[PDB]
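*Asks:* Please put together the full structure from these sequences, using the hints given.
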Amino acid sequence: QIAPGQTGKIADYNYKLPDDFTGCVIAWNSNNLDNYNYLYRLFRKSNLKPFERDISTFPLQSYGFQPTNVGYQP
Amino acid sequence: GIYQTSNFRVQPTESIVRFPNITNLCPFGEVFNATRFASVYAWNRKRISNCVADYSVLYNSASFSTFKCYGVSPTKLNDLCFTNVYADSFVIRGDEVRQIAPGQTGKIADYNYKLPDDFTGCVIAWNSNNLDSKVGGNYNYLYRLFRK
Amino acid sequence: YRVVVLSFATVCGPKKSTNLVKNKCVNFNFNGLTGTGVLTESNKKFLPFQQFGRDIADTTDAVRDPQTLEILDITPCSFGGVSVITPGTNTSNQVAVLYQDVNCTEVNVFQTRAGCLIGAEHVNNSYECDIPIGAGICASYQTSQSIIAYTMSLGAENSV
Amino acid sequence: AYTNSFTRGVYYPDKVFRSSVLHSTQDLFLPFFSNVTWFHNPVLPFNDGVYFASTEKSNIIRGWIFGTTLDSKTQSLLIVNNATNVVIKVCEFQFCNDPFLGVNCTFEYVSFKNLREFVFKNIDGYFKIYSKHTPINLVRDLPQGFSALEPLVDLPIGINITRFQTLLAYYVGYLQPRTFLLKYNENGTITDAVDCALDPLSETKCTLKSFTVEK
Amino acid sequence: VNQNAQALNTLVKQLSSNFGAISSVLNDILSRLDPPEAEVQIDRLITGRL
Ligand SMILES: *[C@@H]1O[C@H](CO)[C@@H](O)[C@H](O)[C@H]1NC(C)=O
Ligand SMILES: *[C@@H]1O[C@H](CO)[C@@H](O)[C@H](O)[C@H]1NC(C)=O
Ligand SMILES: *[C@@H]1O[C@H](CO)[C@@H](O)[C@H](O)[C@H]1NC(C)=O
Ligand SMILES: *[C@@H]1O[C@H](CO)[C@@H](O)[C@H](O)[C@H]1NC(C)=O
Ligand SMILES: *[C@@H]1O[C@H](CO)[C@@H](O)[C@H](O)[C@H]1NC(C)=O
Ligand SMILES: *[C@@H]1O[C@H](CO)[C@@H](O)[C@H](O)[C@H]1NC(C)=O
Ligand SMILES: *[C@@H]1O[C@H](CO)[C@@H](O)[C@H](O)[C@H]1NC(C)=O
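Chains as they are written, first to last, in the entry's author numbering: chain A, 409 to 442, 448 to 470, 490 to 501, 503 to 507; chain B, 311 to 458; chain C, 508 to 515, 522 to 620, 641 to 676, 689 to 705; chain D, 27 to 66, 81 to 143, 165 to 172, 186 to 242, 264 to 310; chain E, 952 to 1001.
These are computed hints drawn from the structure, not numbers from a lab. Treat the hints with care, since some could be wrong.
[Unchecked claim] Each pair of labels, with its calculated beta carbon distance range:
(1) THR323/B / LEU296/D: 48 to 54 angstroms
(2) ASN61/D / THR531/C: 49 to 55 angstroms
(3) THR323/B / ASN439/A: 54 to 60 angstroms
[Unchecked claim] A partial selection of chain A residues facing chain E, derived with a Cβ cut-off under 8 angstroms:
(4) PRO412
(5) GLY413
(6) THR415
(7) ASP427
Yeah, the Cβ is synthetic: ideal placement off N, Cα and C, and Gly gets one too.
*Replies:* In structure tokens:
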């Protein structure tokens, strides 16, 4: 979902990259370091705009992160 | 001189959408509003095909104690359309209504019906004390409790 | 508790229609087509199975309403060129504007066969060509100075 | 036996009004002047699509069956008229080995002096029926002429069909993807057609998009 | 009068042509494909029409 013009719960409602993104996306598993502090959004009235953020909160859930956890790793 | 610069164009005043008369309803009344509902060891099933499916009425109706969609969000149902659809219907204890979800476990989820973890559909339940319940007990209803 | 499962082409949700309106530009849809246009009554006779009707070059120009068994002319929502008539800027900043083909309403106004002209005075005398417009009309900047529009003169006439 | 398609087996190929106009199209159409088989109830191939015509006196011809194996292994189209009503179904039927009339299910429906012309094709999951009814006065052949079959029925079957049979003269030809030029009157009805591969004059009329051409 | 009607009819007819795109109808690229894909299809209709 972390790529220009993607779709899915994050790319619609939580972290959106423009059609005209210009940058690099760099990522790694943190299972060996990271824990229900990490939330994400499931619901919204409409998509957020590219590089928007928000602080209203029911629309959110926690990720199932534990050091036991590949797609379910942090 | 005379020059040409840009173009005049009247813009549309309002949005008009048109479809046929809203006939050929799905007969959800035979599934939600009937006089009789099934014994869980041998639950009823009905085809849904060739029809306008009024999911909107079900979603906005107050008669349900629980309603959920198990692979879709319940607001979309009024625009969605499907290849084939089936209703299932049955009657349960409140502590065993707690087995109606994708991939859940228990005597009903082992031996009296099954939904995939990848199940697609809308699933609903309501109180029936005023309708099903009898002062002696509903012994017409059964669970296939012990099944290998 | 009573329970129902609805497990999931022939099973579609209830499509909502709007109330119909005529002789205005609208953002229309009928069943499976969409556009911007004017919906209007017509004398056309489509066969009962026909739902759209066509121009010579692929373009829809009529439809049959899916509730109302009468045929609509669809007319494109009106448009035209905006041409600006000006003396040279080393004279004046006044201008007159030609809305092409549209007949003076949809837009000190003068309907012509070239379109609606706005901001030029219709004068009964004819004069030579200074700025051309079309369909015999010209315009010029003349004296209290203004843009004037009139039928042009082909010459002084002479019975020989 | 075999007979001539002449200029029959043209139909309205889309739900669109056209008038005073000469429109070019490509669809499964009956090739002009091709041989059609003639019958006075065999199983037949369906191929890409069927043109079927039945000639009448006394309501002899009741309908058809369409599918592949036609004996309960898979779904199969039934189309019938019995006494005063049409019946249409698609079930996994245990049909007879040779069906005739005396004197799992997913879709069901219930409602020579004559010629009744039909075209059948199954495309993109949809069964299409086109047909025409007329009075006639002929015994030995289809009457040489032209008419267009309007669509009547449009069923989202999704059931593969490769063979068919008749239920009780009749004639059968097969549709092909040939280009047709189609002439519509002011009333919006198709009054003539050109099969654009029949002869070099038809190649000309369809290149020039005209039913009539200068020297 | 024929050529100056025929080049117009030819130029109108080139509105129906696909030019290698998913479809020639402009609302039905947009109301089907997301903007990152819809622009790669509409760049075809623009190169064709132009
Ligand atoms: C069932 O009938 C009741 C009548 O009170 C109605 O409110 C409800 O919407 C109906 N639902 C369906 C699916 O028919
Ligand atoms: C357009 O011009 C005609 C005369 O040709 C006139 O009858 C009609 O009312 C005019 N349109 C408007 C909007 O005034
Ligand atoms: C032109 O002259 C006629 C009389 O011959 C008069 O009716 C009309 O109003 C005049 N028009 C203008 C633009 O002066
Ligand atoms: C089949 O068609 C050809 C012309 O293409 C004709 O010569 C031939 O006799 C026909 N055959 C039969 C048996 O009708
Ligand atoms: C219907 O299809 C199922 C498989 O989906 C098969 O087990 C069953 O025997 C079929 N029924 C009939 C009447 O053939
Ligand atoms: C029709 O045949 C195709 C194979 O060409 C197959 O994939 C499809 O499932 C078949 N349809 C039905 C309804 O059996
Ligand atoms: C069109 O139909 C009308 C009857 O509504 C008839 O009078 C007219 O002659 C027909 N036109 C043609 C070209 O057949």
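*Asks:* Hint by hint, note whether the structure agrees.
*Replies:* Hints, verified against the model:
1. A beta carbon spacing of about 52 angstroms between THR323/B and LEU296/D agrees with the range 48 to 54 angstroms that was offered as a hint.
2. For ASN61/D paired with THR531/C, a C-beta distance near 53 angstroms keeps the hint of 49 to 55 angstroms intact.
3. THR323/B and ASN439/A have their C-beta atoms about 58 angstroms apart, which keeps the hinted 54 to 60 angstroms range intact.
4. Evaluation of the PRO412/A hint against chain E yields a held restraint, the C-beta minimum of about 7 angstroms falling below 8 angstroms.
5. Given the 8 angstroms rule on beta carbons, the hint for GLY413/A holds: about 3 angstroms separates it from the nearest Cβ of chain E.
6. For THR415/A, the suggested interface contact is upheld, since its CB lies about 7 angstroms from the closest CB of chain E, less than 8 angstroms.
7. This hint holds: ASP427/A has a C-beta 5 angstroms from the nearest C-beta of chain E, less than the 8 angstroms allowed.
The structure meets every hint from the earlier list without exception.
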